[PDB]
Amino acid sequence: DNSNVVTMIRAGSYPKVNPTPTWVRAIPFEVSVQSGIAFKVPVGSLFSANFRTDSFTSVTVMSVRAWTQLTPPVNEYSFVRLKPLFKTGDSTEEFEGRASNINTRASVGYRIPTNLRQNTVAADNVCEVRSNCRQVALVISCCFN
Amino acid sequence: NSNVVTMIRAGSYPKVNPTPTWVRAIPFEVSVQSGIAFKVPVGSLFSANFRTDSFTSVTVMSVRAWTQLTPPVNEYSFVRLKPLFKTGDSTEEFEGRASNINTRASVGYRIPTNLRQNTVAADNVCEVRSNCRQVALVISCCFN
Amino acid sequence: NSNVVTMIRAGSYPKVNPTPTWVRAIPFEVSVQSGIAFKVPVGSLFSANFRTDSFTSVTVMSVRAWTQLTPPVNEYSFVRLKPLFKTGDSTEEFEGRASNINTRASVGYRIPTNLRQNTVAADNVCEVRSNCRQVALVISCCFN
Amino acid sequence: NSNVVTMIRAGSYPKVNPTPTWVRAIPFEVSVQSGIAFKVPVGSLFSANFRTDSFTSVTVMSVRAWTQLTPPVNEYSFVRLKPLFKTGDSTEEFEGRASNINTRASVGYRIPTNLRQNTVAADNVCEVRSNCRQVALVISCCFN
Amino acid sequence: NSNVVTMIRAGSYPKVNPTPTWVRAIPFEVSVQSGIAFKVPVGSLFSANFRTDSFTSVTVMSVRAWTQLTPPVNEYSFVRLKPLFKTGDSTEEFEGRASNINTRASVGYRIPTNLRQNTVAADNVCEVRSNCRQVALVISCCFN
Amino acid sequence: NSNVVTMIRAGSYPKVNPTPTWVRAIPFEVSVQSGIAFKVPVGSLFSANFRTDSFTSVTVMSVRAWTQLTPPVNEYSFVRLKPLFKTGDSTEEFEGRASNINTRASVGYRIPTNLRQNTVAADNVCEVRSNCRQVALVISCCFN
Amino acid sequence: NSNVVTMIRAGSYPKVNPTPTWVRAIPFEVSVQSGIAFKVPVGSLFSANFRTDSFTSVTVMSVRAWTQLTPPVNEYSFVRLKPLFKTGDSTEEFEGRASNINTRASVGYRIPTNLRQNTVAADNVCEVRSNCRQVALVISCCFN
RNA sequence: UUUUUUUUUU
RNA sequence: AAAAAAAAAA
RNA sequence: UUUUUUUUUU
RNA sequence: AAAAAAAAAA
RNA sequence: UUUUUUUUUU
RNA sequence: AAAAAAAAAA
RNA sequence: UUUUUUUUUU
RNA sequence: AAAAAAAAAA
RNA sequence: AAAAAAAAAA
RNA sequence: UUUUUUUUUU
RNA sequence: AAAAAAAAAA
RNA sequence: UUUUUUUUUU
RNA sequence: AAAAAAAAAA
RNA sequence: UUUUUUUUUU
Ligand SMILES: [Cl-]
Ligand SMILES: [Cl-]
Ligand SMILES: [Cl-]
Ligand SMILES: [Cl-]
Ligand SMILES: [Cl-]
Ligand SMILES: [Mg+2]
Ligand SMILES: [Mg+2]
Ligand SMILES: [Mg+2]
Numbered sequence: 015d016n017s018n019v020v021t022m023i024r025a026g027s028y029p030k031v032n033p034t035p036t037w038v039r040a041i042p043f044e045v046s047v048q049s050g051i052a053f054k055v056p057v058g059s060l061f062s063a064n065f066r067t068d069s070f071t072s073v074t075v076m077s078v079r080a081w082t083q084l085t086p087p088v089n090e091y092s093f094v095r096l097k098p099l100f101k102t103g104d105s106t107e108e109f110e111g112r113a114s115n116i117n118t119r120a121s122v123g124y125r126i127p128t129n130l131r132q133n134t135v136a137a138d139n140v141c142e143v144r145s146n147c148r149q150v151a152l153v154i155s156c157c158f159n
Numbered sequence: 016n017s018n019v020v021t022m023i024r025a026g027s028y029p030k031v032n033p034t035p036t037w038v039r040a041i042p043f044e045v046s047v048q049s050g051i052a053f054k055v056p057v058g059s060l061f062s063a064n065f066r067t068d069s070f071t072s073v074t075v076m077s078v079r080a081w082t083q084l085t086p087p088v089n090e091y092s093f094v095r096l097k098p099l100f101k102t103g104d105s106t107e108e109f110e111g112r113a114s115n116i117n118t119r120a121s122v123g124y125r126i127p128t129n130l131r132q133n134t135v136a137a138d139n140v141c142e143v144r145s146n147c148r149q150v151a152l153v154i155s156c157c158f159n
Numbered sequence: 016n017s018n019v020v021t022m023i024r025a026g027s028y029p030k031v032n033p034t035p036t037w038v039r040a041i042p043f044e045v046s047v048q049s050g051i052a053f054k055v056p057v058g059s060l061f062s063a064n065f066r067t068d069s070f071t072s073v074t075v076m077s078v079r080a081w082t083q084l085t086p087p088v089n090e091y092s093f094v095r096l097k098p099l100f101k102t103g104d105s106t107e108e109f110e111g112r113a114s115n116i117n118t119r120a121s122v123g124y125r126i127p128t129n130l131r132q133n134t135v136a137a138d139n140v141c142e143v144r145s146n147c148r149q150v151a152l153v154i155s156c157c158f159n
Numbered sequence: 016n017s018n019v020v021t022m023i024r025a026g027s028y029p030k031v032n033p034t035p036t037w038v039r040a041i042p043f044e045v046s047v048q049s050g051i052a053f054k055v056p057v058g059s060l061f062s063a064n065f066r067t068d069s070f071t072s073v074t075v076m077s078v079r080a081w082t083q084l085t086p087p088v089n090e091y092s093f094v095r096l097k098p099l100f101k102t103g104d105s106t107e108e109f110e111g112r113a114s115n116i117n118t119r120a121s122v123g124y125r126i127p128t129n130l131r132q133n134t135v136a137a138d139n140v141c142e143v144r145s146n147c148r149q150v151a152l153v154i155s156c157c158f159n
Numbered sequence: 016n017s018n019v020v021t022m023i024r025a026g027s028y029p030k031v032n033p034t035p036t037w038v039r040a041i042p043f044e045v046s047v048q049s050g051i052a053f054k055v056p057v058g059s060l061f062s063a064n065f066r067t068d069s070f071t072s073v074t075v076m077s078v079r080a081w082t083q084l085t086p087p088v089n090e091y092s093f094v095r096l097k098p099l100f101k102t103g104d105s106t107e108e109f110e111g112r113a114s115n116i117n118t119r120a121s122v123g124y125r126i127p128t129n130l131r132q133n134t135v136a137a138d139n140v141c142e143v144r145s146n147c148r149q150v151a152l153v154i155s156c157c158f159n
Numbered sequence: 016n017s018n019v020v021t022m023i024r025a026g027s028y029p030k031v032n033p034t035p036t037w038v039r040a041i042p043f044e045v046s047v048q049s050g051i052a053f054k055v056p057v058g059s060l061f062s063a064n065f066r067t068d069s070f071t072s073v074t075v076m077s078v079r080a081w082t083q084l085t086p087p088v089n090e091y092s093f094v095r096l097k098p099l100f101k102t103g104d105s106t107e108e109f110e111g112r113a114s115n116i117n118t119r120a121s122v123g124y125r126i127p128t129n130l131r132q133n134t135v136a137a138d139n140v141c142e143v144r145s146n147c148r149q150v151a152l153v154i155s156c157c158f159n
Numbered sequence: 016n017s018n019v020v021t022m023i024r025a026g027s028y029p030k031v032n033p034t035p036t037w038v039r040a041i042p043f044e045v046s047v048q049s050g051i052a053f054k055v056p057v058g059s060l061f062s063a064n065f066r067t068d069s070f071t072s073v074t075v076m077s078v079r080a081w082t083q084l085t086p087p088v089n090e091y092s093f094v095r096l097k098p099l100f101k102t103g104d105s106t107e108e109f110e111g112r113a114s115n116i117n118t119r120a121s122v123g124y125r126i127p128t129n130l131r132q133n134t135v136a137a138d139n140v141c142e143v144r145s146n147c148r149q150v151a152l153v154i155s156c157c158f159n
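Residue numbers (full-length UniProt numbering), protein chains in the order written: chain Y, 15 to 159; chain W, 16 to 159; chain P, 16 to 159; chain G, 16 to 159; chain L, 16 to 159; chain H, 16 to 159; chain C, 16 to 159.
Some hints here could point you the wrong way.
[As the list claims (entries may be wrong)] No more than 25 Å apart at the CA atoms, straight line, and that leaves these computed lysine to any residue pairs for SDA-like:
#, chain 1, residue 1, chain 2, residue 2
1, W, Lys-97, Y, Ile-23
2, L, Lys-97, H, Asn-18
3, Y, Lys-30, G, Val-31
4, H, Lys-101, L, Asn-18
5, L, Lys-97, H, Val-45
6, L, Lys-54, H, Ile-23
7, H, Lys-30, L, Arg-148
8, Y, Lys-97, L, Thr-71
9, W, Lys-97, C, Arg-66
10, L, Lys-30, H, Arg-144
11, Y, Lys-97, H, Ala-40
12, P, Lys-101, G, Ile-23
13, G, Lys-30, P, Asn-64
14, C, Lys-30, C, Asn-117
15, L, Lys-30, H, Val-45
16, W, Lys-30, Y, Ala-63
17, P, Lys-30, G, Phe-93
No lab work stands behind these hints, which were simulated from the structure alone.
Just need the whole structure built from these sequences, with the hints factored in.
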């Protein structure tokens, strides 16, 4: 700093305030996945004391990134796929990443365009995950509000 | 700009942190008695009402205070703040007064970098004095 | 400039629209109860009082509110707004307070582009809370 | 850009008008008889079909006219407009004719600033003449 | 340039996507009845005739329409488009009219970024009105 | 930018095409045996799995291949590509090998402009050889 | 910057002074009677409440006064200051008045350098008059 | 960014 | 102000 | 290449 | 307009 | 280093 | 002063 | 690209 | 950063 | 932004 | 001559 | 002298 | 003259 | 010399 | 934007 002591603040009128502000975050959590089966990721996973977010009931997802979290079947390279879901209409895209070393995580993500950045609630789902690994690690960039 | 979803060519798993810090300005009110100093508890800053009930510590940067109820008859509002610190309390009484009886009095103080350590629930931030029965505080702090 | 009517060399019949959109700033009041939130209905925006009874949808852009009646004795006015959305309600409580007991408290919020969709009469714009029994709203919107 | 709601630091209650003015180009049709002049009523401009039924006055700025049905056999379409004014009618007959028997005739006139006052429902805008049994009008006007 | 096959020094397996999105202008015709509005189904956009039967959603960006058959005797063609939205229908009636009885009438409208969300087969895009029995549509959209 | 629908002043009906071409990178896997070349069928590129079942021809531009499973014990992965053409098969064997037993081998070839003609389902793109039982291909092609 | 204690290569013993001077702005209140002048004693400035009780002399530089209680019914606040000096009292009456009944009246005077000598407890600074029962003074001075 | 060895121009 | 040792940064 | 700690030279 | 905290991009 | 959110300073 | 919606002009 | 009306930002 | 194949402009 | 008092540095 | 603390002027 | 198709560099 | 959505280079 | 109305020209 | 007729201003 520069000053070593407390100093006076010449405050004025009472300002605009908000005890319950929004928060831009990158939320990491894991999901279980079955062979050949798509898992619908619930938005509700994003509201939790583990993320300091149990006071929010809505969130605007901006991007989803996914990594395989456990090793793949014998002889195989990891893969993970993401299909975006939207209350106005689900996508059929299957964004996919594959490992090129059997010992390394597969990764992929997608970005949601501005015109599709609306709120989701716990009962909603973000996307479908497919993998040859039994767990997938997600990092979701979103705006809690 | 984009109208549909686009692929992100992600790389390796990044460094992550589910429980990050948060820079905040927290507004709450305290009751104040005539001629008596109210010690503002830090525990008042951890609350679901602030989305902060997951924190147990906080680094306070500055405190601002405004009178919240009308003053006694014939008087102009005033408010004073005395900084408190675990390593030693101050004796400064930063004070503001209203120049119109219908208007809030206000004052604040900034904590220097060398004195910005953490406080926990059982600690007190500062003492508030006023001729008004309530004071509104806006505390700028770093939750961690 | 010309003082008489003058010929217009018109061409082909142009594109027309008898019922166009309309960007508006709509002022209306709501009643508020002590300690209770009031859900502001979007239907209040369609009315011959605003020249908008022909519309059935509206895209809200921003919401501003002021206290409309005096506050309780010894108090300063306050007003809070909580945005509501059909895709998910928010939990922000944007708040303004008066610093003079004789003056209105005010505050507003802007809706981001990505949240500007249509609402109809049965939908609600936001929740209002105040220590005053009436609040005056000015809503910037696009009737379509 | 912003993806979330944001606070507006509103101030004093602003100047407001629930019933503003509106500049428009209104499209409507009139029936016209052979060799007879039809007086276009200003009242055709106040209608829920144009979202204007809350207005009772209007300042007309210009008038454009198009034939709306096919002309008699062997003929090219024509349309004439004579401006009418409450302070004294004009004797101009602005006219356009088609050069292709299958194409609309069209003509228009602009009102000068010094003659742009209000008209009410009982007033008339202009006289229309044509060899076609309907004429389509687009009137640029200021509803107030 | 090259006349033979040449080696490509490939690296690691890339990010892939077997079922990507597609920006398209889809031409199809609807049948229209005199004096009755026809609701255009989004389902008409998903067909093997457009290479699009693998999609179940689409983001519509703009809609253009042309009359597809001759108008009634005496008349010039016209077409009207009223936008429909799941969050709230509009009341605009964008209209174009022919100025030669032998020529198509045309008109269209653009959807703003804030109203560009997905629609499925059970949804409707817009209403169509016309004095012609068929209307040709060209819809700009993003299949996803 | 605009927040509401706007009129488009459409003109004459445009050139249209409901079934346009499509430049693609198609990922699919083929099974490979030890010491044997596998002829890659062009028909694998036409599939609802790729949104391409409406196509019956395709112009291949380049072929890239990766081993898709682990190699035999003690060995590093390798994959070879021999281009095939209806006017005459090549005898090149473009080859990649892994330098880490745990990593994919990769290689590809580019087709020159003079050899970029259409292929149909019964045609074959190339021969694939490898010491791994599966090979992942990404073929750059133009569906038409 | 450094994070650890560092050595100071001290030199000879410096000049020291355990009881230095202090430039201050001292705030205190005095009681005032109707139509009677109150002599502000200099002794009020040497108080443990100001950290100044070790001083027995002070050099006054400027005096400012605000009314501290509300005025009589129907009146606006006023306050007057008459400077007093040991070598000769002044007859000036610097005066301020409120222009809002709810607001303080304020005024001050500056002492010129030629009249900036020391004063002790038994000396008086100035005479205060006001229609309010209390006046709040802020005195800029140099304790020595 | 260009040298040597199989084929086309300056 | 430069250099050497430990550390941090780029 | 800058800064911090120890050292040194100036 | 700059800086700090979270995020995104480069 | 630019933007978005929270904060702060101006 | 720029921008968005309606209009008018170019 | 300028202006008029409604809105917004400054 | 120059370049293509399909869409909203100039 | 300068100056006066206490302090620190040069 | 720069900064920190109190003050003052702007 | 600009240019390709295969190899030793930047 | 170039922005968004399917594929190749920098 | 500019502007408004009618006309002609570009 | 020039010129011609009527008008006006200068
Ligand atoms: Cl009052
Ligand atoms: Cl209330
Ligand atoms: Cl014909
Ligand atoms: Cl398909
Ligand atoms: Cl006196
Ligand atoms: Mg007061
Ligand atoms: Mg009020
Ligand atoms: Mg007074």
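Going through the hints against the structure:
For a cut-off of 25 Å, the pair hint linking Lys-97 (chain W) to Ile-23 (chain Y) stands: about 13 Å separates their Cα positions. Straight-line distance between C-alpha atoms of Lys-97 (chain L) and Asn-18 (chain H) comes to about 17 Å, which keeps the hinted pair within the 25 Å bound. Among the hinted pairs, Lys-30 (chain Y) with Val-31 (chain G) is consistent with the structure: their alpha-carbon atoms are about 23 Å apart, no more than 25 Å. For the suggested pair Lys-101 (chain H) and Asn-18 (chain L), the alpha carbons sit about 16 Å apart, so the restraint of at most 25 Å is met.
Taking the CA atoms of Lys-97 (chain L) and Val-45 (chain H), the gap is about 51 Å. The hint is violated against a cut of 25 Å. At roughly 20 Å between alpha-carbon atoms, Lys-54 (chain L) and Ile-23 (chain H) fall within 25 Å of each other, so this suggested pair holds. Proximity of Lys-30 (chain H) to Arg-148 (chain L) is assessed by CA-CA distance (about 22 Å); at most 25 Å being required, the pair is judged to hold. For the hint linking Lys-97 (chain Y) to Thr-71 (chain L), the alpha-carbon distance of about 13 Å falls within 25 Å, and the restraint holds.
Straight-line distance between C-alpha atoms of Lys-97 (chain W) and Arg-66 (chain C) comes to about 15 Å, which keeps the hinted pair within the 25 Å bound. Annotation: proposed proximity of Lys-30 (chain L) to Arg-144 (chain H) holds, straight-line Cα distance about 23 Å (limit 25 Å). About 18 Å separates the Cα atoms of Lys-97 (chain Y) and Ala-40 (chain H), which keeps this hinted pair within 25 Å; it holds. For a cut-off of 25 Å, the pair hint linking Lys-101 (chain P) to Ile-23 (chain G) stands: about 22 Å separates their Cα positions.
A C-alpha spacing of about 17 Å is found between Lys-30 (chain G) and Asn-64 (chain P), which places the hinted pair at or below 25 Å, so the restraint holds. Of the supplied pair hints, the one linking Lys-30 (chain C) and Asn-117 (chain C) is violated, its CA atoms being roughly 53 Å apart against a limit of 25 Å. With a C-alpha separation of about 18 Å, the suggested pairing of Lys-30 (chain L) with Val-45 (chain H) holds against the 25 Å cut-off. The hinted pair formed by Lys-30 (chain W) and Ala-63 (chain Y) meets the criterion: a straight-line CA distance of about 20 Å does not exceed 25 Å.
Distance hint between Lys-30 (chain P) and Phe-93 (chain G) is fulfilled; the C-alpha atoms sit about 21 Å from each other, no more than 25 Å.
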